[PDB]
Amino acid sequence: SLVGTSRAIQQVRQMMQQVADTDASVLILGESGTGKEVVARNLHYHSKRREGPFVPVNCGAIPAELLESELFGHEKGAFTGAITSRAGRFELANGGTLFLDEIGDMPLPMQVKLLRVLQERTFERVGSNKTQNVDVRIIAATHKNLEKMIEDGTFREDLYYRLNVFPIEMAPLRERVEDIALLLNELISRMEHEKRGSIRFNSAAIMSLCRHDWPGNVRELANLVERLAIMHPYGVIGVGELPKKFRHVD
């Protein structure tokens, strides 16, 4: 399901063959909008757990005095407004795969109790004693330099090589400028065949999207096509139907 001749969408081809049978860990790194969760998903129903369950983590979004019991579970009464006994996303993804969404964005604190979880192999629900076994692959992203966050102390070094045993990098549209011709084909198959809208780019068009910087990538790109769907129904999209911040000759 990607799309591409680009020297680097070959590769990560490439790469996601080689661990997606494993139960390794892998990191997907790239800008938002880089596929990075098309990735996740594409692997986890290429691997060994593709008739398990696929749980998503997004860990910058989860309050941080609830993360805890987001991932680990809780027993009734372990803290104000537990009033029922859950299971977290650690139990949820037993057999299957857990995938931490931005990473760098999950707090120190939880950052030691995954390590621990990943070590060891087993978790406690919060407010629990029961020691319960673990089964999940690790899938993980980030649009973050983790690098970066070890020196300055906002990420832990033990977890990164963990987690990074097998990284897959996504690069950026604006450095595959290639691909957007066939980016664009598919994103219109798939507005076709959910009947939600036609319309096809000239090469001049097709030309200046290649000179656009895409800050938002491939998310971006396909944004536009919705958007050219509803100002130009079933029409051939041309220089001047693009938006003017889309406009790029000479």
The other form holds:
6 protein chains.
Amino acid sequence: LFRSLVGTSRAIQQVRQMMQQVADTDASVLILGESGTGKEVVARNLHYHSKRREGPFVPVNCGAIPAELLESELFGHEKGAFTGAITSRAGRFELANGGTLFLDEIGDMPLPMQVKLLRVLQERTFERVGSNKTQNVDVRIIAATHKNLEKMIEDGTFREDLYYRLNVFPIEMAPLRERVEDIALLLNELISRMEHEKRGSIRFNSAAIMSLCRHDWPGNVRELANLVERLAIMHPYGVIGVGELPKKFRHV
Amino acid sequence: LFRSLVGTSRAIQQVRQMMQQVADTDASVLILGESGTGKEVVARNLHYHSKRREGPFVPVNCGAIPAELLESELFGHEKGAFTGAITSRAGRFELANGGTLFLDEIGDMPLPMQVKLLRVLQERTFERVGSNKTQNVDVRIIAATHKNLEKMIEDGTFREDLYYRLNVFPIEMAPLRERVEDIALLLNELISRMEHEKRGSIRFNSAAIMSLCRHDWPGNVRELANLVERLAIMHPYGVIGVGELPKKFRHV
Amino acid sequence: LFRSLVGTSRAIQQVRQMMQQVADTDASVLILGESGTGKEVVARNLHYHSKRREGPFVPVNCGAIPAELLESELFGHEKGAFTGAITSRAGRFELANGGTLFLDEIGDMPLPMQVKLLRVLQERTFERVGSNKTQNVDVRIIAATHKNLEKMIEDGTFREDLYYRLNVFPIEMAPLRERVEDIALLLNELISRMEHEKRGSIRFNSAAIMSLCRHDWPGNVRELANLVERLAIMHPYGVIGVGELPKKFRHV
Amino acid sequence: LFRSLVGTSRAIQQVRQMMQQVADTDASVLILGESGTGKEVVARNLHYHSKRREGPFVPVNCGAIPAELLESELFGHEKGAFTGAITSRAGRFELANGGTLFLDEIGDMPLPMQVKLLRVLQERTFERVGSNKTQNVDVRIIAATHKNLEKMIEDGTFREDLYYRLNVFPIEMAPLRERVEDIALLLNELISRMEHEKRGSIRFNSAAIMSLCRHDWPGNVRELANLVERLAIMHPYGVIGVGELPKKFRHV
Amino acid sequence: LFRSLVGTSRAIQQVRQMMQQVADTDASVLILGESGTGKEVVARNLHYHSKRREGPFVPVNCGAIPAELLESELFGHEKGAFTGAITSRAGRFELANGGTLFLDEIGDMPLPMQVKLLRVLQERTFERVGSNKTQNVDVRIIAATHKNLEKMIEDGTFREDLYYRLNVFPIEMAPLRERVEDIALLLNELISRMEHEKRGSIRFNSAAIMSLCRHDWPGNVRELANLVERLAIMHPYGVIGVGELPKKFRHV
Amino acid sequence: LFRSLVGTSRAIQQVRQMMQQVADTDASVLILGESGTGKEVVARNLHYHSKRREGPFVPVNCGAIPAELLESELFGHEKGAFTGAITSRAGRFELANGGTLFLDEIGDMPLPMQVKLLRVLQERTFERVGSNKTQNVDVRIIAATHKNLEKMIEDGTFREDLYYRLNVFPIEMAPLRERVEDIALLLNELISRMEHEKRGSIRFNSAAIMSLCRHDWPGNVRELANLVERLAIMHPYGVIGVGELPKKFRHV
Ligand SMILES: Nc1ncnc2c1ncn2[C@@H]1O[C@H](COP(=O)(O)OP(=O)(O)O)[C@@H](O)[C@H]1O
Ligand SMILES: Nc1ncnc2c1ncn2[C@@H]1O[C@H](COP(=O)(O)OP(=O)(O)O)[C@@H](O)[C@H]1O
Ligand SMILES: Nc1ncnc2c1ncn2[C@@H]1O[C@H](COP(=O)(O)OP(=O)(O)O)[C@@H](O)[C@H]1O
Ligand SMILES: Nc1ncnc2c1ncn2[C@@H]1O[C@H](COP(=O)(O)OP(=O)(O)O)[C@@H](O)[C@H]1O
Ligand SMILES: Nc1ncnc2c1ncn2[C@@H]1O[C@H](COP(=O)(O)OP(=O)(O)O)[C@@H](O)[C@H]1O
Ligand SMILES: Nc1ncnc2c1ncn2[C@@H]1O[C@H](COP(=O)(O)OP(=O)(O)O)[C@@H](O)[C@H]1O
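So the form solved without ligand ADP is up there; where is the form solved in complex with ligand ADP?
The complete assembly is shown below, putting the previous chain first.
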């Protein structure tokens, strides 16, 4: 259902503490961090330690949904509202009612939908597309982005008013290269997962871990997880020394 | 339905007085001010103290609507008028008939629509897109911007004739850093709202308020409101001293 | 339907006389003047005292129409001619057939359209976009600009041949600061309009009028009209002395 | 059922070894290579040396399926879900259950489907379109592309999280011009196939093979195969010298 | 049943020779040439000099069939498979079994069908739409296009793998303006056809033929044939001099 | 049964002469002209001066028939062939056998039917829908369009091969504004028809006719005919002066 946030670093301890405060509340959470830094972990963790911990956790990827269809995605539609509406559709909001709604990559939401998202977050009502029946929403909002929202406000690509509405309780996730002291602990967690799930086993020697601690991690912890995965295929139940690392991971 | 304009400053008192004069009239109101300075408050307040106080308050965000779709947004469309017009559409004007129409960020309206907006404000008739049936409009106009419209007229990005039509009764909203004497009063209002709505409680000590009075407030009163919100999560029913302020807010 | 040109100045009397000569004819009229100087008044007045006084008065704002769409604007289009042409479109020319076509800010027409406008003004036929069916046009041309067309010819931004075609009967409109002797008469007209239309009433005292006669009037008579409007809100049925003028209007 | 990977080059030997490791596992395989480099060979070979070697090998061409229909393609649909759904439809996943699912040109999958593909690869359940019954999936994933996925992640056209999920065990296929030492061996295989299948026979002389080893091979081994085919029509049971090569293949 | 390829030019002699080689074989033939260059002649000629010369010659115009119906066109369908399937349908493949299948304008086949066409050309089996019964196909493939397939591969509008499958034995048909030395011979053939079929008679004088040899022939030999036809109506049993040519055909 | 082509203009005399040549023949006639230019007159006239002058004149409006039903329209159907085929149906071809078949607005025939129309015009046989019994056709083809077929060939919306088949003997009908010298003669014919049929009488004075000669005639001679009709209602047995013309017809 949820994962815990492994790590010994100051920054990761800050996150844990900030998670305890806000989870129980219904404050809107905005999580800032590079891709793979554990933003969805924090979000799903928040939820199950929240007033809505029995209700629905509803993802919405505001960027991977075609702009023309995002309104129908969020509120739903009845029929005839547009070409192809053969049937009725519940939206994310509907499906999230009584739970948390997770707005994944909020910085990719089109401006038209930013406006409508704000009106709903204010009025707490919405119209399905086509229908003019307004409808009540009960949702705990959690949003995540890796974009600089402040710059986007300046560029006129993100709305100031939405921003201040969503950014009530900001949580910043450090990128992996800024918490390399967490790598060993993260490696252990990632390997237990793999073993618990009967996918395989490995472990890393000290030289390897030193080498990994010097890596960039553009893909951060997800990249880390992928590497564990590849090495378990390549050296099942092996020990990984620096010679078992792929070249781009060696830094001696 | 509406909020009142808290504040003790000379400028905010000017606004109140200017609001009393014009509200009862059907003069077009143009409100100039930075984002978060209470322009929508003034507008919604104006409306409910106006001849249309029973009719519809209809927002239109002239910038957050894609340019190609703004004409359909304002006047409506019938069918077939363009790709996707499966159905009929009432426009903002229609929905605003008998009430006030609020043109949010008028300085982001495309030039084509400035022309058509003026013709309607003059002729007081409009065509739905596609249809050639002209239609009567009864609307009290209220517009708001944070852009320098005079410069835009010079740059050829805003029309002179629209400007003089809309700028009958100009209301200027001071930014927060120019009315810091209002901050305590604003804090009290913002906190009563939060308590009345069972979201929480706080209050600020004198040192904190002095510190806040030295802040820039790029996001003005909306930024202020957001800060109250965060601190209510962080210190429920607490007292905020300068050490409870986020670093960027401390100025001693 | 039309307004008359109030004013006692030599220049405004010249315009009146020049209007009498040309109106009855089908000569092309070019009206030069700063924004708000009454160029559209002269044009609409010309029309209803012309051979086409029963036919359509068709505005076209050559600058407020996106360049890529101006050709479709003028001649019309059939279908398929470009992206989005779901339907048929009559152009301004079509709609102006049997009336006058008013080219507002001709100095903002793109060079491609200057060429096509000239060929039509010569051949007196045109193709809808897409179609290759040529079509007959019966239009009295009236154009207006506040740009120096002669300089634009030099800069290569306005065509010499179009210019000489349109500039058959040039009418120059003096800016307001060059006919301040007309201000009182203009004030009276502007106030009767307001009263006739049940919008309010005011009048100005002599000191106020002296002060107004010393003003720059960047927006000329439209600016004047706007001021009358604001003061009618601020001092309904009042008398305006120089203390009732906005500061930028006081010159004693 | 499957082909073996002929070739003496270092790179092709690497592939063979990497194929032995991963085939027996259920790790996701991503194969990178230009068109015609044998990516489908590697995939079909992998399968029949895998835990699913008795189950279904199910191709899906993520680019040749219209975007609007790809969701129905993968998961299936019940009825009424959209226009034309007269009947029920099993999806690729269903048909691949117990076997391997081969995602041909994964880099052409639309972003909406990347999201849904990832959720299924994680949750290991899916909804047929229309239905809300979730369903279990047992599939070994194999994907292939000739696109630079890393650039696409940067361009925002391919998702980072999908990428790291699919790229557990990357196999890179060298283009033919980088393994020209394999051409003779490839020629022999391609000719035995043709003879075994009673389509004809040829062989190449040394001069011809030298000439072929200097060719670009934009279409790589598939292009090679096509050339063998044409020459068997043109010179049945002949010997191909450089004069029997098409001009663009001669390099002396 | 078939026509022979008249002409004295080098290129037309090449075609004849290439036709002799491939006709007897079951190699796939791809014929490239502008519209009216005799691609269907070459195809029908090929067939009756082929192993399938007693079997069915089955045209399919891959562009003139609506995309949504092309799959049913090729493989057939049973019933219920979609809206309107009241009955059973044999596809082109079925009807072509034991003969040649001619894919006219292959470059207009939608990508979905390119994929399915290739799988059938490989597996040599197919499913009628709806049915899941697979079925054996015995067909000699002949395809024709006037499109640049290589560019289409680049544009991602034609598949590389289909291309290399179909392009085993490429036949290029020169446009008429590149074989004007064939025009007289072509004229004689076209006129004998007309006489043999009791439609009329003409012949051309030398001046006329010189004039025709300087023509563009956008429609090539079909255009030529049409001209013969018109002139036989206009000058029955006449002699055509350059004055009997339509203006666009005169080049002296 | 037929009308004669009144008119004194060069172009109308050309048509008459071209009608004499082709009528007696069985050449396919293509008539190009704007709506209302007398294309059906030419066609019906052609027929009764043709080898089929005793047989059936069979109209088919290729655009006003729903695309899905046009095949059944042309060839007929047996039963069961599709939903609703309770009975047998003869097609236009059948009903036209021994006469002329008039393809009205051929440029609106769907591409699928262009293909089938050509095969029939070549093979001279056809299948009723459903049946597989082929059937002999004896028809003289006459087609008419107001579309640019050459452009449609370019746009891929009309087939090149059909075009060259149908365009054996092209007849172009000038629009009315290009033969205004024919208007008086046309008026006389149109009025005699009306009198002969006891519908009324009028005649036009010289001023009126001059005015009509300056009109656009978008609807050409049909528009002319309609005007005669309206004026006979409005001024029975009257004389029409320019004041009896509708405004849009006055040009002095
Ligand atoms: N602190 C952490 N402790 C344990 N696992 C983590 C941590 N941070 C990230 N992960 C794991 O890393 C991977 C990607 O994290 P994810 O939450 O998807 O990041 P994001 O949403 O920011 O891209 C998942 O496997 C996740 O469980
Ligand atoms: N003078 C004021 N008194 C009370 N509340 C105010 C005042 N000015 C602004 N607010 C509050 O500040 C926030 C933002 O104001 P808003 O009207 O949205 O500004 P704008 O439209 O200019 O961005 C809202 O919470 C609003 O109620
Ligand atoms: N001489 C005049 N007499 C009366 N009204 C005038 C005169 N000149 C201008 N106006 C008024 O001034 C305003 C703007 O004039 P307009 O014709 O729009 O100028 P332009 O087209 O040059 O910008 C309108 O209210 C118009 O009726
Ligand atoms: N190493 C190899 N040994 C034998 N045949 C090969 C090899 N590589 C490719 N082929 C053959 O080349 C052709 C195209 O390969 P394919 O697997 O379709 O490549 P891709 O899927 O990358 O386009 C097929 O005929 C295939 O059997
Ligand atoms: N070399 C040739 N000899 C005789 N007739 C030819 C020749 N090439 C084309 N034709 C004739 O030209 C016309 C059109 O040719 P067609 O095969 O339909 O070309 P395509 O299929 O390339 O459009 C037909 O009348 C055909 O018989
Ligand atoms: N040259 C002509 N002489 C007499 N009548 C004509 C002539 N041309 C057109 N008409 C008449 O004009 C009307 C419309 O012509 P029609 O043949 O229907 O044109 P189309 O088929 O091109 O639309 C009919 O009343 C027809 O009889």
